[PDB]
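**Q** Read off the chains here:
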Amino acid sequence: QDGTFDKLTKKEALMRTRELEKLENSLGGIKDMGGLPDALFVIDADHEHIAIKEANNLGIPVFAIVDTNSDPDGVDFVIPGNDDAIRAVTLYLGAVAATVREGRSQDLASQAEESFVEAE
Amino acid sequence: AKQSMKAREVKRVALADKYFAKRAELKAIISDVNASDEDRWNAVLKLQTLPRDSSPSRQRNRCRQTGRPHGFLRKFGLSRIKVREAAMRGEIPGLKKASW
Amino acid sequence: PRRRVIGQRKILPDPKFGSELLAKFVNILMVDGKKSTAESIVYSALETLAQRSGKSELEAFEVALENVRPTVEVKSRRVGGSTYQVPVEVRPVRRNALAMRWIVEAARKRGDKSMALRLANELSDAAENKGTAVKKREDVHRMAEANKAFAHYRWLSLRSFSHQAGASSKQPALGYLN
Amino acid sequence: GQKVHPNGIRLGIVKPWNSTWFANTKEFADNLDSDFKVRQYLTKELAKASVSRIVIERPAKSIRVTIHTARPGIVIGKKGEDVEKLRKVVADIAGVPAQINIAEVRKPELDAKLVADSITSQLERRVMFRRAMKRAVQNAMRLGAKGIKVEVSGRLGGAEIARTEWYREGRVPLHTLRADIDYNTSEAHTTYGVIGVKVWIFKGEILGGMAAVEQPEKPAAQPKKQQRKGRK
Amino acid sequence: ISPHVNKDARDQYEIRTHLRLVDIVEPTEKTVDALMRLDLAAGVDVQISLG
RNA sequence: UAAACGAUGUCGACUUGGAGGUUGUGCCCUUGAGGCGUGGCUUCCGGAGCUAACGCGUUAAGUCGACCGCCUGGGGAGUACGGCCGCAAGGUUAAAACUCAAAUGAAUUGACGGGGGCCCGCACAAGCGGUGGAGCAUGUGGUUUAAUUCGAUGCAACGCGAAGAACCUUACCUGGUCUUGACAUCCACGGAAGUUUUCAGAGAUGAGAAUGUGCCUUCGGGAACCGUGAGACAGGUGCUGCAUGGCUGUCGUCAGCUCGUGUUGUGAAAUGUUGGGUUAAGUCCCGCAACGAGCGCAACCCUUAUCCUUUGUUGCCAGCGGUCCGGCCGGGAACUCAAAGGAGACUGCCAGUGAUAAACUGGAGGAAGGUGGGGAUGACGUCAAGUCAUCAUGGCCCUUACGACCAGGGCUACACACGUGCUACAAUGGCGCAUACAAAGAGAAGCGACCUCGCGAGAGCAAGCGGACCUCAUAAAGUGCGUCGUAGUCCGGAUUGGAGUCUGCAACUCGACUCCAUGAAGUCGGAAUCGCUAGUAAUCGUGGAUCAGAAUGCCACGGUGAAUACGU
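Chains as they are written, first to last, in the entry's author numbering: chain AE, 121 to 240; chain AQ, 1 to 100; chain AJ, 1 to 178; chain AF, 1 to 232; chain AM, 53 to 103.
Honestly, the hints are just simulated from the structure, not real lab data. For every residue, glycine included, the Cβ atom is placed at its ideal position computed from N, Cα and C. Careful: at least some of the hints might be erroneous.
[What the hints assert, rightly or not] Anything over 10 Å on all C-beta distances counts as not near chain AM; from chain AF, calculated:
{"hint": "1", "residue": "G12"}
{"hint": "2", "residue": "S62"}
{"hint": "3", "residue": "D82"}
{"hint": "4", "residue": "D92"}
[Unchecked claim] With a straight-line cut-off of 27 Å between C-alpha atoms, the simulated DSSO-like cross-links for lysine-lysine are:
{"hint": "5", "chain 1": "AF", "residue 1": "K146", "chain 2": "AE", "residue 2": "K130"}
{"hint": "6", "chain 1": "AF", "residue 1": "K113", "chain 2": "AE", "residue 2": "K130"}
{"hint": "7", "chain 1": "AQ", "residue 1": "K75", "chain 2": "AF", "residue 2": "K149"}
{"hint": "8", "chain 1": "AM", "residue 1": "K82", "chain 2": "AQ", "residue 2": "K75"}
{"hint": "9", "chain 1": "AF", "residue 1": "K218", "chain 2": "AM", "residue 2": "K59"}
{"hint": "10", "chain 1": "AE", "residue 1": "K151", "chain 2": "AE", "residue 2": "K173"}
{"hint": "11", "chain 1": "AQ", "residue 1": "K96", "chain 2": "AF", "residue 2": "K203"}
{"hint": "12", "chain 1": "AF", "residue 1": "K107", "chain 2": "AF", "residue 2": "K61"}
{"hint": "13", "chain 1": "AF", "residue 1": "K149", "chain 2": "AQ", "residue 2": "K6"}
{"hint": "14", "chain 1": "AQ", "residue 1": "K82", "chain 2": "AF", "residue 2": "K37"}
{"hint": "15", "chain 1": "AQ", "residue 1": "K2", "chain 2": "AF", "residue 2": "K48"}
{"hint": "16", "chain 1": "AQ", "residue 1": "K97", "chain 2": "AF", "residue 2": "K149"}
{"hint": "17", "chain 1": "AM", "residue 1": "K82", "chain 2": "AQ", "residue 2": "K96"}
{"hint": "18", "chain 1": "AF", "residue 1": "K218", "chain 2": "AF", "residue 2": "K146"}
{"hint": "19", "chain 1": "AQ", "residue 1": "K97", "chain 2": "AF", "residue 2": "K225"}
{"hint": "20", "chain 1": "AE", "residue 1": "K127", "chain 2": "AF", "residue 2": "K85"}
{"hint": "21", "chain 1": "AF", "residue 1": "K203", "chain 2": "AQ", "residue 2": "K97"}
{"hint": "22", "chain 1": "AQ", "residue 1": "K97", "chain 2": "AF", "residue 2": "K218"}
{"hint": "23", "chain 1": "AQ", "residue 1": "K6", "chain 2": "AF", "residue 2": "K26"}
{"hint": "24", "chain 1": "AE", "residue 1": "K131", "chain 2": "AF", "residue 2": "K48"}
{"hint": "25", "chain 1": "AF", "residue 1": "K61", "chain 2": "AM", "residue 2": "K82"}
{"hint": "26", "chain 1": "AQ", "residue 1": "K97", "chain 2": "AF", "residue 2": "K224"}
{"hint": "27", "chain 1": "AE", "residue 1": "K131", "chain 2": "AQ", "residue 2": "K46"}
{"hint": "28", "chain 1": "AM", "residue 1": "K59", "chain 2": "AF", "residue 2": "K224"}
{"hint": "29", "chain 1": "AJ", "residue 1": "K109", "chain 2": "AJ", "residue 2": "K148"}
{"hint": "30", "chain 1": "AQ", "residue 1": "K96", "chain 2": "AF", "residue 2": "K3"}
{"hint": "31", "chain 1": "AQ", "residue 1": "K97", "chain 2": "AF", "residue 2": "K61"}
{"hint": "32", "chain 1": "AF", "residue 1": "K225", "chain 2": "AM", "residue 2": "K82"}
{"hint": "33", "chain 1": "AQ", "residue 1": "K96", "chain 2": "AF", "residue 2": "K224"}
{"hint": "34", "chain 1": "AM", "residue 1": "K59", "chain 2": "AQ", "residue 2": "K82"}
{"hint": "35", "chain 1": "AF", "residue 1": "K3", "chain 2": "AM", "residue 2": "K59"}
{"hint": "36", "chain 1": "AF", "residue 1": "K146", "chain 2": "AQ", "residue 2": "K75"}
{"hint": "37", "chain 1": "AF", "residue 1": "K225", "chain 2": "AQ", "residue 2": "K96"}
{"hint": "38", "chain 1": "AJ", "residue 1": "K109", "chain 2": "AJ", "residue 2": "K24"}
{"hint": "39", "chain 1": "AQ", "residue 1": "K11", "chain 2": "AF", "residue 2": "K218"}
{"hint": "40", "chain 1": "AF", "residue 1": "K203", "chain 2": "AE", "residue 2": "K131"}
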């Protein structure tokens, strides 16, 4: 955005522009993440089985929504579900976020008040 | 390597000066066209045996750095292999890769 | 091999007439790079033609290059224990250049005292379709009519088009077995 | 075993030469052979110091040595006497009387040749060499630079075969024509014959230490440059 | 390019020599003095003979 | 009898199931060889367990259950032997001495497939030209004498290391000559070294004459340098490239190679490095337990092109003056022109295609649109590639020598074969007479104005040079007119005789240049045999590194300059 690598040949700038684009699309909504996350959110296991495997070895509590060919096995809470129908998977996702997030809104104000007793 | 090609290079310079200096134009003066009805006398051209080693015809030199035979270059005092070796480490002034 | 199709340099209408048919000709008339000699010969031929008929200087030149023309070439592409042959159609740029080459192959042994007379005279012959490359055009078509039986790796190739989710007819395109 | 030597191709652009003189063709060989003799016989005299490079220059009637060192004092010695004994014997060697300056000291812990001298020294003393090449790379990248390649030769452990090993890490470009990149091929001895270490170490892709001039002829030098336009 | 044999591959080197003239239409003696007092180069040879 | 089997001994009991192939039978819109209900064999899939691995998985090769058959390394031997059976080969249970350190179940990756298929390089194709056949030139083997020295031999060697072989040089061979040494350091003894010069000797080498007495000095004597003599040592083309170091070649611009790290396997190792889309490329979009990154490729880089620009001579002269209309000069910058600031071109714009995408093609100005043309430019590495001979160097030998000077001979010999390039076989040309414009560089062993001599070339003399000044240099093919027809000619000119010229003691075999006369091989070469995508291939001349005197080679430069790249 400064204009900094676009000099010399078009090749040296473009092979960076195109890679910046591949990274930007892949990482844009996870970019600030400072460390291994506190829980794991599965809406479908069909290609992402590995994310569940690794999370369990790192000792993270697992929250799953598993499809019909997936197994219910080896996680901390499961919802048995199915992977088809774009109207179903949308409703499963709207529901999960509310319970964690407005519990969280209340938590943040509480935490300042908890922390302040120490410094008093 | 051989000591004989180094021994040669040292021997020629006192003998260039000793035989050759008096003899410089003497091939032209006593023998060639400048001897038109003048000189042409054997007894003053039997004297070119002495400059025989000190001759322009034996300034083939070969390397000064190593004394190494065959493939010589006067402009380095070197040969093919030995030029390239000094050039790799940047020892020769002005020498660069050629592109055009 | 070869990722995509590549084109070719282009020769440019001659400075004395403005003709592409001359400009392609002067090039197959070239001996030891010497195209400015092959120019004097081409244009001195055209004035000799104009003396047989003054109605066009390019008249017998242009029609010779229609009449002695090859359309076809023969290719080889193995079938098992035997190689056989398959005719293939030649591209216009090489159809023209084969036909001009053959007029000039004959003209340089014709023994007339100048290549300008020799060449003009071998255009008189091939213009009426009576000359030296009439047999050479016929022989090349005889091979294409005789060898219409065989195809390029014929036993496996007939399965391969229908099996590569290609069509039920011989695919002229990269990564089908041809 | 492919490739032209890496520093051999850079000497016309943005790297200066190992020697800088002019001798007008006919005397060019007698001057290179003297420049070679002063290089060969001088590095033996400063054996007791540490040195990374030598750059020899022949102005008129004078030979000027520039020398590159691990630290400013080492060649200088006690009351300037040590460097005055260098300049005395370069004058004896050379076909002219001699001058000497010490350069600025730069990256002595990272230099190609002071690392390759260190790795050969292990081989000279017949150590098992189990970790040596890796610990070379580790310490060289711990002290600086952006990539290192090490290649070790000499019939390792004393074998009756050739037996190599090598290790590259980070970035080491190979065909580069711009910036310095520091390479040294050491040759050194042990009990069974010659052993040797090759050290490519890499500081940067851009060095400005030689570049083409800023300006066209007209704005550089004299304000009044203009000619009469005839009047012979 | 190799030490021995391997005939095909070779190496090619160039050396240029650049000549500049200036062309002082009249040089003052104070220019010739300054050239000669301030001399120390190896990278350029200056030729002070004429032609 | 065997390959008598889910590549399960038998049967039996127990163990989440779903579905197929397909079948009794209740029920369905009797709405997939369909579903449910309730049985079926038979089988795929996968969870527990089990395996070395494939594999099994509810019909086990799981969990076990009972009982029988049978094994105890390979080879030799599934035979021998004994009992029994079979016209009869055979069948049945089933072996040792002896030899041997392995044989055998499974998996990874390479190379490979003639199993299937994709992809790349001028690798073929699509052609074109050269070589193999001729001559010369030059190299290799065969072969030869005193000796014709070697290094190197599928594409990596045969015009290569070994760029200029009468001696020398130059590996060799012969004849001459001495041993610290024809080159350094050091000592003992004589001479200064250096120069000029007679004579013996081939010359090396020695004696003698004549010039000189420098350098340092208890003023003995010595260094430098030589003669003479020892050692330490110099010297060694002295051997080993499974003993090496340094360095580079091959494939190949192959289009790939690897590091950190996770997971899957018991691990060797995979995966990523492979797919879809796109490129010159592992280039780049999408993306699977592979993630992140680096090397090569990419880049900086020179060089050139037009084109803007400044310099203005050893560069230039649209115009104007003196004037034969010559930059010679009053004078000019318009002008190439030289080297340098650089400018232009970025799949960037715009259009179409392409999965959003890289990218290919079109459109427009311009010398030019496909990162402008050209080059630099080759990952890591088997190849036991190749150098001990640039040079380092251990192991390891002579050092009155495995050293070195001087002369003569030699590679280039000659019997041929084989490799390569030149020049030719034609007429695109040769011949005669007339006629034209270069580029780039080289020139203190060197070239050289002027000069006079010469038949062109050249020559000796010499001011001189630093090369935008002067010279090599007369650039050639090409241009003009007439002439010639496959006959070795009107092409090609080797051979050889003779004269004029050159560098050198010396030009016979092994040197150069000019020129007169005659004059052979060769009519585009079977086997064989290569580079090439466009300033390329082809073809012509020129210059140069080396270089006493040798260029067909090599190296760079400029003239004229092609077929096609469909297809794998």
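**Q** Give a verdict on every hint.
**A** Right, here's what the structure says about each hint:
For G12 (chain AF), the requirement that its beta carbon stay farther than 10 Å from each beta carbon of chain AM is not met, with the minimum near 8 Å. Here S62 (chain AF) does not stay apart from chain AM, with its beta-carbon only about 8 Å from theirs, under the 10 Å limit. In this structure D82 (chain AF) is separated from chain AM by more than 10 Å, as the shortest Cβ-Cβ distance comes to about 24 Å. Under the 10 Å C-beta cut-off, the non-interface status given to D92 (chain AF) relative to chain AM holds; the minimum distance is some 20 Å.
This hinted pair checks out: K146 (chain AF) and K130 (chain AE) have alpha carbons roughly 25 Å apart, not beyond 27 Å. For the suggested pair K113 (chain AF) and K130 (chain AE), the alpha carbons sit about 38 Å apart, so the restraint of at most 27 Å is broken. Between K75 (chain AQ) and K149 (chain AF) the CA atoms are separated by roughly 36 Å; this puts the pair beyond 27 Å, and the hint is violated. For a cut-off of 27 Å, the pair hint linking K82 (chain AM) to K75 (chain AQ) is broken: about 38 Å separates their Cα positions.
The straight-line distance between the Cα atoms of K218 (chain AF) and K59 (chain AM) is roughly 49 Å, outside the 27 Å bound, and the hint therefore fails. Using a Cα cut-off of 27 Å, the hinted pair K151 (chain AE) and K173 (chain AE) holds, with the two alpha carbons roughly 23 Å apart. For the proposed pair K96 (chain AQ) and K203 (chain AF), the alpha carbon gap of about 23 Å is at most 27 Å, so the pair holds. With a CA separation close to 34 Å, the supplied pair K107 (chain AF) and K61 (chain AF) exceeds the 27 Å bound.
The hinted pair formed by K149 (chain AF) and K6 (chain AQ) fails the criterion: a straight-line CA distance of about 41 Å is larger than 27 Å. Of the pairs offered as hints, the one joining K82 (chain AQ) and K37 (chain AF) holds, with about 15 Å between alpha carbons and a cut-off of 27 Å not exceeded. In summary, the hint linking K2 (chain AQ) to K48 (chain AF) is not supported, as the alpha carbons are separated by about 33 Å, beyond the 27 Å threshold. Simply put, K97 (chain AQ) and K149 (chain AF) have alpha-carbon atoms about 24 Å apart, close enough for the 27 Å limit, and the pair holds.
A threshold of 27 Å between alpha carbons decides the hint, and for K82 (chain AM) with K96 (chain AQ) the separation of about 38 Å lies outside it, so the pair is violated. Taken as a hint, the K218 (chain AF) and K146 (chain AF) pair is broken in the structure, with Cα atoms around 42 Å apart against an allowance of 27 Å. In summary, the hint linking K97 (chain AQ) to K225 (chain AF) is not supported, as the alpha carbons are separated by about 36 Å, beyond the 27 Å threshold. A hinted pair counts as satisfied when its Cα atoms are at most 27 Å apart, and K127 (chain AE) with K85 (chain AF) does not qualify at roughly 52 Å.
Between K203 (chain AF) and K97 (chain AQ) the alpha-carbon distance is near 23 Å, which keeps this suggested pair within the 27 Å criterion. A threshold of 27 Å between alpha carbons decides the hint, and for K97 (chain AQ) with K218 (chain AF) the separation of about 31 Å lies outside it, so the pair is violated. With a C-alpha separation of about 20 Å, the suggested pair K6 (chain AQ) and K26 (chain AF) falls inside the 27 Å cut-off, and the hint holds. A distance of roughly 50 Å separates the Cα atoms of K131 (chain AE) and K48 (chain AF); the hinted pair therefore is violated under the 27 Å criterion.
For the hint pairing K61 (chain AF) with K82 (chain AM), the CA-to-CA distance comes to about 23 Å; that is within 27 Å, so the pair holds. For the suggested pair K97 (chain AQ) and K224 (chain AF), the alpha carbons sit about 39 Å apart, so the restraint of at most 27 Å is broken. Distance restraint check for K131 (chain AE) and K46 (chain AQ): the Cα-Cα separation of roughly 77 Å exceeds the 27 Å cut-off, and the hinted pair is therefore not satisfied. Pair hint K59 (chain AM) plus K224 (chain AF) does not hold up; C-alpha atoms about 57 Å apart against a cutoff of 27 Å.
Straight-line distance between C-alpha atoms of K109 (chain AJ) and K148 (chain AJ) comes to about 35 Å, which puts the hinted pair past the 27 Å bound. Using a Cα cut-off of 27 Å, the hinted pair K96 (chain AQ) and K3 (chain AF) holds, with the two alpha carbons roughly 16 Å apart. Pair hint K97 (chain AQ) plus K61 (chain AF) does not hold up; C-alpha atoms about 30 Å apart against a cutoff of 27 Å. For the proposed pair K225 (chain AF) and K82 (chain AM), the alpha carbon gap of about 20 Å is at most 27 Å, so the pair holds.
Between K96 (chain AQ) and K224 (chain AF) the CA atoms are separated by roughly 37 Å; this puts the pair beyond 27 Å, and the hint is violated. Between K59 (chain AM) and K82 (chain AQ) the alpha-carbon distance is near 16 Å, which keeps this suggested pair within the 27 Å criterion. The straight-line distance between the Cα atoms of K3 (chain AF) and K59 (chain AM) is roughly 16 Å, inside the 27 Å bound, and the hint therefore holds. Note on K146 (chain AF) and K75 (chain AQ): the hinted pairing is violated, with a Cα-Cα distance of about 40 Å set against a maximum of 27 Å.
Restraint check for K225 (chain AF) and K96 (chain AQ): the C-alpha separation of about 34 Å exceeds 27 Å, so the hint is violated. As the CA atoms of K109 (chain AJ) and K24 (chain AJ) are separated by approximately 21 Å, the hinted pair is consistent with the 27 Å bound. Among the hinted pairs, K11 (chain AQ) with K218 (chain AF) is inconsistent with the structure: their alpha-carbon atoms are about 56 Å apart, more than 27 Å. Taken as a hint, the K203 (chain AF) and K131 (chain AE) pair is honoured in the structure, with Cα atoms around 24 Å apart against an allowance of 27 Å.
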